[PDB]
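*Asks:* Please model the complete structure; the sequences and the hints are all you need to start from.
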Amino acid sequence: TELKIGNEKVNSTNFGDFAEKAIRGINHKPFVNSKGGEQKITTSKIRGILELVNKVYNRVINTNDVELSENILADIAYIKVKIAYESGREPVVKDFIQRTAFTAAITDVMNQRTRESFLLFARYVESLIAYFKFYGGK
Amino acid sequence: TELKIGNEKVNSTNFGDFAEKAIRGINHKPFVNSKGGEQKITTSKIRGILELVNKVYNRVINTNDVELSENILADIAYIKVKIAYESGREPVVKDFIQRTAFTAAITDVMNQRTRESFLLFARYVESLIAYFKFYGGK
Amino acid sequence: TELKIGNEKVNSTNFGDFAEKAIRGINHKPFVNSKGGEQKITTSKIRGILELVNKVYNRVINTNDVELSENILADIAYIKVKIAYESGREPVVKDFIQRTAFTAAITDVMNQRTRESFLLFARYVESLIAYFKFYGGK
Amino acid sequence: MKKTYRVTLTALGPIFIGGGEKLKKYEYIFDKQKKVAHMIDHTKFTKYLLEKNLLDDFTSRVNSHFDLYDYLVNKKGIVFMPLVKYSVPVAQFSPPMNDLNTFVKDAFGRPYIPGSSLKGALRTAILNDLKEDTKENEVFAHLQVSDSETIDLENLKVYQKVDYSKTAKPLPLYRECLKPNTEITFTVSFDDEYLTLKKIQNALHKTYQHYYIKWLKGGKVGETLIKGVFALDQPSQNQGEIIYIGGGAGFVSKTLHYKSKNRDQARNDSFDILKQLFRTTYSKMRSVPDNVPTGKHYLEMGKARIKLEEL
Amino acid sequence: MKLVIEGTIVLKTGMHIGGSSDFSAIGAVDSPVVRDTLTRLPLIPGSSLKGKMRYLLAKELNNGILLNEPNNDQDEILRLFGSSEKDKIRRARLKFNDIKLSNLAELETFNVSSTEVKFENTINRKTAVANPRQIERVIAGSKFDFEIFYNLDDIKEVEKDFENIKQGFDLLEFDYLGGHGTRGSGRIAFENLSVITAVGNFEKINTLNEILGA
Amino acid sequence: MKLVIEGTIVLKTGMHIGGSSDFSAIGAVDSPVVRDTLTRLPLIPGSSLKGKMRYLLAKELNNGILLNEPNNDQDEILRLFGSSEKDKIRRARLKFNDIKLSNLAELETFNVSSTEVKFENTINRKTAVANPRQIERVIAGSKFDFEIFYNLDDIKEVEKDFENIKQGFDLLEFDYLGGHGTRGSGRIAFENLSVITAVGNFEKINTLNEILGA
RNA sequence: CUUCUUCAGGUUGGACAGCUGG
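Residue numbers (the deposited numbering), protein chains in the order written: chain E, 12 to 149; chain D, 12 to 149; chain C, 12 to 149; chain J, 1 to 93, 107 to 242, 255 to 318, 335 to 352; chain I, 1 to 214; chain H, 1 to 214.
Check before you lean on any hint, since a few could be wrong.
Think about it this way: if two alpha-carbon atoms lie no more than 30 Å apart in a straight line, the pair counts; the simulated DSS-like pairs of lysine-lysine are [unchecked claim]:
#1 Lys143/I <-> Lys12/H
#2 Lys51/D <-> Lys149/E
#3 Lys3/J <-> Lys143/I
#4 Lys279/J <-> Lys309/J
#5 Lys179/J <-> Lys300/J
#6 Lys105/D <-> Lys51/E
#7 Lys32/E <-> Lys15/D
#8 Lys182/J <-> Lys300/J
#9 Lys66/D <-> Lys100/H
#10 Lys192/J <-> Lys12/I
#11 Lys75/J <-> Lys85/J
#12 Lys15/D <-> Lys66/D
#13 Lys126/I <-> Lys148/J
#14 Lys88/I <-> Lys160/I
#15 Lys144/C <-> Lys86/I
Hints are computed from structural coordinates only; laboratory data are not their basis.
*Replies:* Below, the structure is given as structure tokens:
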């Protein structure tokens, strides 16, 4: 019922307020692609991870149990692998995952081994998408 | 019993008048798109937000407790997240949210944490729907 | 007393005559749609408004205070909000409210804020419905 | 009335339709010696990672470069029997295999020509008249094309873009393509009042004629002839039996202005509309061939042989 | 009685029966498919299948002409699919049902999701600009076991009704079920068709099962 | 002697019992379902379940056809559902009740509301233009535990009465309960059908349970 | 070496409305 972005992650609140703050900080100083360059993130570079997270959410919502099964754990491992791949592809997804502690959320969900942990992680992912589209987007 | 908007205030009795003036301001100065195009918001654009508001209204009204529960507040925070997402998806929806005070009212409901504040917020959104359909409609 | 109906006021000796006159003017040159009319209003189109008015009347009639309380004024404000709702939901109700000034009477009650003003409004509404039947109906 | 028409497509050259793009080797293995590329079964890949060296250790090295060839066999020294789904030969014919555009596939990994691909390839022919009637045009609202049928995984290959401007310059873009001489099955239907088979054939023939005598042959007699000849046969006047489907077909195949205006007007219109898109101090567009074994067999990119039949 | 027309809908291509973009996870595909609210399984609405089958059968029973209202179709169409006529209201003999995805176990063991994300774009001919598009479709090979209830209002006109039902099922074969069927999506293939008796037993049911399976 | 018929109604597909559509707040769905006024819980009215069960049972019991007024049904139908004739007033042995859904907690476990919104359109045939609409449905998987009171008036026909009751429940399982049933909605199932004695004991309650369970 | 992450169009219509008995 709680994972670690670095400070706290409660179901009741601040699962979207921390998305507020992460997106505001990203807009506060956007990533620098190169010394003589200007860069801004596009939501098309998160889409694979979003698809994987949504698929795992659909798989886990139909479970009357707390701990995620072994196949779901392999799916979360795949989610982390895809995070690494799509972060290494364009090194602005690297900045996006670093400043949002998204990989840290993945690791916390893996450690907790609880359904509500992944549900709150998915809620934070939805908050990140929502507040990125709100302030920025494109 | 009293939700904040900024300079102006909304109570249990003046919610309808404030919703009417907010809608009238929108119709008097309709939102202009990027290509010099005036647009009118549709009920289907905010249908998901309205159903989320009504979904948690049903569970709030079946609760004779002054303080809102943790899961109810989680639902309300998710509603605010969805409002931000829909604002980021459509510029006209974002303009409708900004001209009204859905974000301000919902965050004041999160601030007050009380059952009556959310009921007055639901009253305000109902009055905004009513006066939106009164003048322009879908 | 002296309930303002926009053009001409009504009081305890007037409401029935003006209700009958408004209903007869409804039947003379009735509402026209975009497709050339030619239907009139039905009871199951303002039934919700009538039920709200009945509930508020029951609440007021059990109070001896000359001034309406804020808890009842909230109910009257919601009545006005709903009247705006079905007025914009269908134009066959909009002109019915306009010509038989439900909204003007509601505003005058919400301004006088007195028990007698709302009682006169309720009597006017009852006479309006009574003359709407026996001449039209449905 | 509606008449169905089974459609068979044979790609004379390589045809590429994308479904995703991958950077340097992270999701696939490339043995540079044997010119063979292996795609790792990713779920078995993560199961193997869970069974062996830690996933964090594996993913701590994704900082560009980092080919899986020099990690699975060099840094770990392990064999990869289960980490394969299909193999694709590679055509390196001096810019390295930096990027690989994989062919579009369904859930099970089978390649297939997706929806609206053949629809656009037919719109680029039937739309010969005007650019106005596009959405409300009832011509294509009644045209009904289907998806491709089963395609063998063995019929895939990796090719590099090749140029025509005064030489054949290799390009860093490498993409996955179906090899030539591969049979593809479709199914297209349409209303008789709005469209007819002979109308489709006439549109295809007119498009190919304006492509060949005005652009292909015209651009050949304006740039060079002996550069193509390795083979570069490029047959023409084949009863309008040619359609260009897939990526790398050319900028001409995606625009309809050479077949509605003469040479000079269409040339100037293309130059003006493309200089807005791209700021290059260059000249008219050039062909986009490729090479395949060994000789430099020049094949026209996206060249497909389109034949139809009743029902 | 209540003859049950059973079978299976197999997706030859991806199918996109349009669900609401809202009422789902934030950040999902722009155009999602309709799903069961509880199980999140992809759904074939009974109303959509009924409407497509009625459109195809009424067109085929009217020599490929349909410019009339649904209540002004053929007598067989009106009796199978119902009517709201003022003169006489015909109760529909066919009762369609919402069809859930059924072969989720085999899709799980083949390591494929129930839905695939399709990558599409539209390119102008005046300008070489292609606008990206995101569309969700249920993957091909997805089975959909259904159950259509049939009413024996009259016993004489049951073989003709089931012949019409088979004709409607076969018309869906050379057509799409829902969504962007113009562009290759939504191809279906009925299989394992059969008819069973809900209560007790029905004579000559073998004749109906023979004209329904082939 | 009085008997209580326990059981659960499980929604196989979405169910839509038409609501008031005049008091469900402002800005709600176009066509709402009927709900309990206090708890806002969707319910199956006893009148609607009774009417559907009576229609199906009277149609199946008489000849398979049913065209008469409700008061001119068979003796079994009249003794189970009551009659208001002049000289033949049958007191109904069955007392139906409004059925609110009970597994709201189970539905909230899957983070889904009790009711969904179903998007439908009608495509005008002469124009080929769609007309979208929205309806509200109680989601599939909702459970409605009901209670029906049986007046044990004649000991000589309680077995036949319960055979008819089980038959009516079976007929409801091959039909729909309220709403746009032919268009995929309203399919229900019955399980945990057990009859218990309201007060005291019934010496043939074991035979009643086995005909109510099979 | 190139940018677009979706744009455009529909947004509910018709029917029934209390009847029998004391």
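*Asks:* State the violated hints by number, sorted upward, taking the hints as numbered earlier in the document.
*Replies:* none
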